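J.: Spelled out, the chains give:
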Amino acid sequence: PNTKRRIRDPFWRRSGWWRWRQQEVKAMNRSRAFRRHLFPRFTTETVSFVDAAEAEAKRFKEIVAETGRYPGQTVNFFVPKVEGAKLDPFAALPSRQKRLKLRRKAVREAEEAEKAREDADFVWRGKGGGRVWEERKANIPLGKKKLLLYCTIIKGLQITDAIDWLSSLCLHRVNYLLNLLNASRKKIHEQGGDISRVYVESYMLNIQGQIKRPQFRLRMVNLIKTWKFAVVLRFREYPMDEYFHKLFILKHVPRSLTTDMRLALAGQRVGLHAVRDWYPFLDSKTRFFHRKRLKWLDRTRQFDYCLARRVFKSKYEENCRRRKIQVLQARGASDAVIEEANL
Amino acid sequence: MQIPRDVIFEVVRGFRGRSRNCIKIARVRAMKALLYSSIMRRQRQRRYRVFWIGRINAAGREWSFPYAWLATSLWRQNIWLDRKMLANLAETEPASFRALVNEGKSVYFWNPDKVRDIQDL
Amino acid sequence: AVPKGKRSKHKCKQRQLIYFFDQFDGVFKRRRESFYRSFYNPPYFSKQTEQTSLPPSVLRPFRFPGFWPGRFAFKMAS
Amino acid sequence: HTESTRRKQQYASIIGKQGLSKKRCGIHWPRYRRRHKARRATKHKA
RNA sequence: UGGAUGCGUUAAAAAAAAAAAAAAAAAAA
RNA sequence: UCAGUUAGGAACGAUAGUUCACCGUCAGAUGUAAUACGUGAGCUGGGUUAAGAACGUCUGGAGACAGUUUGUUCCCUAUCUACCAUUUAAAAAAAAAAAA
RNA sequence: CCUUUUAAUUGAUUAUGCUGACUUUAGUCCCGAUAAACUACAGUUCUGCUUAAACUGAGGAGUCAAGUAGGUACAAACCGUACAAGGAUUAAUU
RNA sequence: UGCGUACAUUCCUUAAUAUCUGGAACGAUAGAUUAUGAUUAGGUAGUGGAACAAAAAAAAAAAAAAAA
RNA sequence: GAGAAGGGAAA
RNA sequence: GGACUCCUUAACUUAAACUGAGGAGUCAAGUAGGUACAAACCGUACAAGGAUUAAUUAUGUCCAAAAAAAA
RNA sequence: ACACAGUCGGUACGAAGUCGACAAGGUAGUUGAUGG
RNA sequence: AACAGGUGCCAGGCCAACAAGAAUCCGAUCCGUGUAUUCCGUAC
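Residue numbers (the authors' numbering), protein chains in the order written: chain Ao, 5 to 347; chain Am, 1 to 121; chain Av, 2 to 79; chain XJ, 1 to 46.
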């Protein structure tokens, strides 16, 4: 290796990383991160995401605690769980996966409803929202200490970025995580999620155990352990508004996407217009200078957040629709079939 | 046990590390915490009293009447406002505190029977 | 020589973060950079995996159709 | 100890409620049944 | 066409010197 | 003898388990004391204080001697303090979404 | 519930306690002796050591162990494997 | 000629079991708790009194106001 | 004005 | 078959938190204050419990640290 | 965290307004106490 | 209340070849051998 590479330390620095310095520097960093945002100067509404299943579970348990009875009970009372009991007192409520399914259903319904709402182009929604999947893999022969490294690598990344990350490491036991990621991506694509805007939002490690083997030594017998762990990953499909605000406004673009763009330009698989088309996302320098240009246009009030968002969304959707139509046409399908596919 | 287990676990809330949930360590930490509380609750009265005393002394010195003379004057005048009340008047009722200082001076600075004028002889 | 006491959870967490940064900046960043630079060449084709692998190819896919301005597929011939 | 305290708390939570079932009572099912039989005992021949 | 070391050669002067890692009227980042 | 703004320095051997010493050479500058008689988780193990064995001596003996001898496994992958080395940064991992 | 009783052997921060689980040391110690190629027009890499004949009238000069330790698909499976006349006079059939 | 400083059964709430605290008093269908009554209430070994320890068993889990 | 002999430093 | 301070003593090198006697005080088994910092010295109207009132105990009054120097 | 890692305390809104507000001002919603 | 077994869990009267209730009302989400009231059988 370089032998002069700068290796980072999160707790100490030559420049002075005492706690007061950390406070001041992180105040500066927070200020810069907040100022990096551009916000629309006119919106019609401030819709916020809510989870009906979670709200109903909360109210159900609050009623149980407040009245000592199930909602609707008039004679008997609530019976907490005891040792050996085979009945779940909260069996009527949905499970976590059921709540996730209901969330996906509600997201689909709201997406369909928004297509027939006036002024839908001037509504602020915020960070949270979209569909969520939770995928679990068990029997991984790795320990907490290594799994923490491999998951801290990928947390917060787009799914293809995470797959590229973990594939570059050439570690045999990371094949488990790679299999989980590949299977999750395939499942979401088959269910109809847009792989392009699926991110790894969080992870959870659950121990399962450790198999012990004797190790015979000079004066004692030891026990060497092989771990058994399970990993749960939370994938989230960002809504189109959040995707726009992330990629276009804050310039937080997947490196996999940027690499694909650069490879296309280098191989001349696209026209010369692609350079200006992809300028807002192509490279670090282009992203920085486009962010500067957008900031100046916003401060002169020539930039329009809602119009830019609409243009970005329309271009993305039209590209996807063209892909679908042309892949159908490549099969020799009839005009009636193609038309009916759009209903 | 010296303290009930539930009380121990309730008192060790907010502590660091194993002291929150391990009974062996939580017991020692809770014993020390409650012993400190017991001693300091008995000790804090005089620590508050000295604060009152210092505040009164500064307020009186502002008018050139140190705490010693002020206290003698009030007690001699049959004014039995306590130290906390005097400090409160000093920090929140300056006019009334100045009136108290004036009353104290009127008794402290008594005059001898005969006064001598020696400015021109 | 042996430890005189048990290392605490706080310090173990600190060590986790420090070792993460060490391994990151020493191995993982470099490996990822090399992996992403290798994309400018056709993928490696192992002659010992011929019996089961796909035929050799040079094309590398564009994996974000929403950003593709060109054609995705050609019309069926006749 | 902790196990005895937990078992006593659970028994105190369930034992006072009429009409429970075996799946609700778990390990306390025979004790609950005997308790209800004793409570009924007073109704015999009114 | 060269490398290291001393068994080889040179110096034994400067200390407000050689040198360094935090320009600081910025008093609540 | 007294005195410092305390400045530069004082070599090697025979017998010997030795320290302190004796003797020999060089030099012509005995130095002294403390630091757990500094320092064995840094080294050696010659003396010395286990099992074997021998001489002198004491008892009736097994045995013994602040008498003499010969032989006899010197462990530890350093957690903390200390010290010597050593260290991009505001950022160049991830995240940090306001106003109403 | 309350009441009365119970011989429950009835209250565990501690016996280098017992039976176990799970942390710290730590992602630290631990990795045995020599290795290459398998090819866009022929071939014979290098090294350590030397009983590697398997009918020539001769069971091929031993014992013992593997309670079947060199069979078989890149298998720590399934299946198969010790024939004292050695069965293929199989120079056959095609 | 002063002042600082430790101590409240001043206020409020509890407790006293090897025969002497009023109490041999006032009540009494099973003691409600003393308002300027007294002594008072640090404590190892030792000794003593009391309150718990969510359970089980028992042939006593509806004569109980108002509502239903 | 004192083992003021914890530190500063006072007539 | 305890420790230290004090008074009076025997032994000791008129030595030792030395040894051994006769009496008081604390500790032992007694918190919080002073005496610079882990019993034995000083002091207590000695600690059932709670509280943002008060008192000249020892002992202080330049600062660390509460507490005097009008005209 | 200086801390056997605890304990006792712990920030006192608005005037951030203004077509404001006894004796003098030289009009500042400024000022009155003070010769050796 | 030991008027045993089984029946989705606590049943004298649902089954169990010889007695007697598909008894009624009330039950968060299914069921009830459960609560309350009542009738019947028993030399079991």
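Don't read these hints as lab results, they were simulated from the structure. Errors might be hidden in some of the hints.
Said to hold, decoys possible - Over 10 Å on every C-beta distance to chain XJ, these chain Ao residues come out as not near it, computed from the model: (1) 39; (2) 53; (3) 80; (4) 81; (5) 87; (6) 89; (7) 90; (8) 106; (9) 125; (10) 174; (11) 179; (12) 191; (13) 197; (14) 230; (15) 326.
Unchecked claim - Just the calculated beta-carbon pair ranges, DEER-fashion: (16) Ao:58 to Am:91: 46 to 54 Å; (17) Av:51 to Ao:29: 54 to 62 Å; (18) Ao:183 to Av:26: 22 to 30 Å.
Claimed, not checked - No more than 30 Å apart at the CA atoms, straight line, and that leaves these computed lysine-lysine pairs for DSSO-like: (19) Ao:328 to Av:76; (20) Ao:8 to Av:30; (21) Ao:299 to Ao:328; (22) Ao:65 to XJ:8.
For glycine and all other residues, C-beta sits at the position ideal for the given N, C-alpha and C.
J.: Each hint: holds or not?
T.: Hint-by-hint comparison with the structure:
The Cβ of residue 39 of chain Ao lies farther than 10 Å from every Cβ of chain XJ, with a closest approach of about 54 Å, so its non-interface assignment holds. Every Cβ of chain XJ is farther than 10 Å from the Cβ of residue 53 of chain Ao; the closest lies at roughly 37 Å, confirming the non-interface assignment. For residue 80 of chain Ao, the requirement that its beta carbon stay farther than 10 Å from each beta carbon of chain XJ is not met, with the minimum near 6 Å. The Cβ of residue 81 of chain Ao sits about 6 Å from the closest Cβ of chain XJ, inside the 10 Å cut-off, so the non-interface label is violated.
Not every Cβ of chain XJ is farther than 10 Å from the Cβ of residue 87 of chain Ao; the closest lies at roughly 5 Å, contradicting the non-interface assignment. Taking the minimum C-beta to C-beta distance to chain XJ, about 4 Å, the non-interface status of residue 89 of chain Ao is violated against the 10 Å cut. The Cβ of residue 90 of chain Ao does not lie farther than 10 Å from every Cβ of chain XJ; its closest approach is about 4 Å, which violates its non-interface assignment. The beta carbon of residue 106 of chain Ao is kept farther than 10 Å from every beta carbon of chain XJ, the shortest such distance being approximately 27 Å.
With a least beta-carbon separation of about 55 Å from chain XJ, residue 125 of chain Ao lies farther than 10 Å from that chain, consistent with its non-interface assignment. Residue 174 of chain Ao, annotated as away from the interface, keeps every beta carbon of chain XJ farther than 10 Å; the closest lies near 48 Å. Distance to chain XJ confirms residue 179 of chain Ao as a non-interface residue, since its nearest Cβ pair spans about 43 Å, more than 10 Å. For residue 191 of chain Ao, the shortest C-beta to C-beta distance to chain XJ comes to about 35 Å, beyond the 10 Å cut-off, and the non-interface label holds.
The claim that residue 197 of chain Ao is not at the interface with chain XJ holds, since no C-beta of that chain comes within 10 Å of its own (minimum 39 Å). For residue 230 of chain Ao, the requirement that its beta carbon stay farther than 10 Å from each beta carbon of chain XJ is met, with the minimum near 32 Å. At roughly 58 Å from the closest C-beta of chain XJ, the C-beta of residue 326 of chain Ao stays outside 10 Å, upholding its exclusion from the interface. Distance hint check for residue 58 of chain Ao and residue 91 of chain Am: the Cβ-Cβ separation is about 52 Å, which falls inside the suggested range of 46 to 54 Å.
At roughly 56 Å, the beta-carbon separation of residue 51 of chain Av and residue 29 of chain Ao lies within the given 54 to 62 Å, and the hint holds. A hinted range of 22 to 30 Å for the beta carbons of residue 183 of chain Ao and residue 26 of chain Av is consistent with their spacing of about 27 Å. The hinted pair formed by residue 328 of chain Ao and residue 76 of chain Av meets the criterion: a straight-line CA distance of about 12 Å does not exceed 30 Å. A distance of roughly 15 Å separates the Cα atoms of residue 8 of chain Ao and residue 30 of chain Av; the hinted pair therefore holds under the 30 Å criterion.
Only pairs whose Cα atoms come within 30 Å are accepted, and residue 299 of chain Ao paired with residue 328 of chain Ao is rejected, the gap being roughly 36 Å. At most 30 Å may separate the alpha-carbon atoms for a hinted pair to count; residue 65 of chain Ao and residue 8 of chain XJ meet this at roughly 24 Å.
Checked against the numbered hints given earlier, the structure breaks hints 3, 4, 5, 6, 7, 21 and satisfies all the rest.
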